[PDB]
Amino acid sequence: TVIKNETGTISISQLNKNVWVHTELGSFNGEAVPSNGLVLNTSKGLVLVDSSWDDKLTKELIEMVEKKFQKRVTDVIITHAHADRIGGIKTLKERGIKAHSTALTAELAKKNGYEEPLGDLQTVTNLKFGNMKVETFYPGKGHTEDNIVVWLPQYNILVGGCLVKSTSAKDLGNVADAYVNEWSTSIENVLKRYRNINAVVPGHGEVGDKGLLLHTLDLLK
């Protein structure tokens, strides 16, 4: 089950009853770089994992899901301070959408001249929205200093974010902000904490499984 905006620009694919992936194309010189997050359909509103590349996409994304599920976006979890995750933080703040992050992610956002998310997430934080349970986990440095994962214990679904490379990624990508000697250890910390995983969402590329974590480990060798 897959739904595109008017344009190609934005797509949502259904994973299960109350969980979808959101994907948006960012436009870079000779063109399209897609980015993924999650949409959680809860009894108390829509909760997103991550925003998008910029404000224009972020608005359009909110407006699509609010229309479709007939409820407001109330909360977003920002999983690190690069533009594909936090690009639409301005839109979030101005609409009264709570933007959750670790304090490190918030510090880095401010350092890079983005508006500040909440800095409310700890190394392990458990949230509940309606009946929907969500855990955030800081496994250590990898793709960036601050990168976190998100876990839906009710579905054993892991949002890997940009810590986790898709099967189509044949290299680590941009590592300016990365910690390639700790990234393996951070991935291992994810595998140790979540020992039975039903689906893994990478920050870019196709949805997979535990094999994506092993793919990323191979990529680090």
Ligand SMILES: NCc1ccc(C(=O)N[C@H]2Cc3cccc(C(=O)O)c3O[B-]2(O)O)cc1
Given for the second form:
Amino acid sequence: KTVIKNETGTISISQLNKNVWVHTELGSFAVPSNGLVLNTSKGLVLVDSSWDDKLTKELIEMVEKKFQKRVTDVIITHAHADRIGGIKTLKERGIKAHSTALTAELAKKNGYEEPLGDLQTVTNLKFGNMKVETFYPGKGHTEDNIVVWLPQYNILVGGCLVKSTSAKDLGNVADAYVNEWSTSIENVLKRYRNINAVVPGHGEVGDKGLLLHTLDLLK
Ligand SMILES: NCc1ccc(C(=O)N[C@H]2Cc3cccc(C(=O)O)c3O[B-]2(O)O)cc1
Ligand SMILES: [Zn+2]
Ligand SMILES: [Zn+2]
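What I would like now is the form solved in complex with this ligand, since the data block earlier showed the form deposited without this ligand; can you produce it?
Whole complex next, starting from this chain.
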């Protein structure tokens, strides 16, 4: 798979297909974090920003240069820093920051600028030719965590709800609901029965197996 790094190695993008890339940044907490870059005919769309504004700026600038179009939209998958840390950069550049109402409320509570709160339990978006579904499966990693589905590729962005193979514990559970997290995972497995790739919030891209791994970690 084609991989491209910033001048520092702190930012990397890896191609999943012609129009879909994973973006990965190193923040301190040293912790890598994943999101998605969608190359569409109407502009770039990101799933999740990054740890802070410095990295988010760098990310945007890298993909805008490479793909020769603007970042127009970002989907924020919950209100923690690795997801929403760059929200100030998005707002001041006129980049639309989509989220559930709950994610927006929690962002505000925690002193972040507010994303749009436009996403429902199920929301279907289209950016040029690129179809994007957002789904709130229930509480897990956080009370507000959502997943993102690309039905044209059967690619699932699990976010921090979904642990990577390298993860040997549930990680940061300060704001988690460990009794509901299994049901929420099961809700994802029920909705998306045929998955080609699953992108975890941290770690290597996997498949449906990452969902099953997460269930085992919850026992
Ligand atoms: N409510 C206090 C609080 C604020 C922010 C964070 C936070 O930014 N957590 C992120 C960074 C991180 C650091 C280490 C592991 C994970 C993980 O996904 O498990 C991980 O993902 B989080 O979204 O929880 C946690 C608690
Ligand atoms: Zn989190
Ligand atoms: Zn996380």
